[PDB]
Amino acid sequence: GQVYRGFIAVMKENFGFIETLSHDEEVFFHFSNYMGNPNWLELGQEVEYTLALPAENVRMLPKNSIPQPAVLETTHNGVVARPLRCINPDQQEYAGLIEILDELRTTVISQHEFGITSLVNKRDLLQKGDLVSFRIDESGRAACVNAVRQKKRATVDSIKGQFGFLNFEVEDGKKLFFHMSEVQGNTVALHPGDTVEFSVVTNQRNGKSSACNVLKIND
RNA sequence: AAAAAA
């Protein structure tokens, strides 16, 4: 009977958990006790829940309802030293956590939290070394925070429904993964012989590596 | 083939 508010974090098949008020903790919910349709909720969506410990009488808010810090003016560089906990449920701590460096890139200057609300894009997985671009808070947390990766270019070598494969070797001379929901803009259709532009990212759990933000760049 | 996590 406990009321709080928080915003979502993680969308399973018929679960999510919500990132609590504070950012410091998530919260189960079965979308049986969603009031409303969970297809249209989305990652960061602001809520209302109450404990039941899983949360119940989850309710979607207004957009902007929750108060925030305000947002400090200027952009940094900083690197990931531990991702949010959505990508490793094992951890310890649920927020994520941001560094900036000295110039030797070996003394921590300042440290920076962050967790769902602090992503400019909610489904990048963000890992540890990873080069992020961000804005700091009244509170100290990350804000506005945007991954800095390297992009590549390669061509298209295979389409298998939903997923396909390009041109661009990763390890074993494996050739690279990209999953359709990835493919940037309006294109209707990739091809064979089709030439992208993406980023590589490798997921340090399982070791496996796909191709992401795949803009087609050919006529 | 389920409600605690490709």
The other form holds:
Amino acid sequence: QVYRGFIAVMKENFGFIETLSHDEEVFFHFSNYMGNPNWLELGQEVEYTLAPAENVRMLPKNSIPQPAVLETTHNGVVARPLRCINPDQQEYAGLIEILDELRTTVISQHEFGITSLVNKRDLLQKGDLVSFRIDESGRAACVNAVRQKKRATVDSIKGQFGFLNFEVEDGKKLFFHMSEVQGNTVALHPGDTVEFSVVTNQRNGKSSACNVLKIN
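Having seen the form solved in complex with the RNA, please provide the structure of the form deposited without the RNA.
Next up is only this chain, free of partner chains and other molecules.
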């Protein structure tokens, strides 16, 4: 009846709760949430009653005990992504693998969920090189993707999203949303230089992540 978990997906009028074991997802409607939906974080600890969830209650931080995260930073490659970005697969949790130098022998595997990612909105597909730490359960923690940084100039702006002078698919300009800009800056103009990373959906097209304005 009564469970506990973390917020994994937040959409328009609905969302999903990652279970306590990080191995399943529970759907819940915003009408059954006790509080403001806009004030709800990703990875937020919640307590919910099952019907399909109902009566979702937000919890204070560290209310759900979790394994301690070790200090050493490791490097790995993604094998399975989360089902939140890939509903095709059967397994829910993602998989990170530490490989040998020849990239052919598996040293160890480490599962990850929504609470394992530094950027909860980050798009981690198979083949991405990541930097992460390990918790006491063996799961991946502090997961961050290693991507080569690019830098171009802002070309245009249309509302809450614009384009850079970076050519990707069939000579197109790189898309970027204002939700990826750093600092507290409201001033972003065509001609400004930004340093960014290039993320790409393996089912469709490309985007850009974490772009900070470089103007000195």
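Whichever C-alpha set is largest while still superposing within 1.5 Å between the two forms counts as the rigid core. Positions refer to the first chain, counted from 1.
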- Task: Select from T20, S209, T195, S199 the only position whose Cα moves 2 Å or more between these two forms when the core is aligned.
- Result: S209
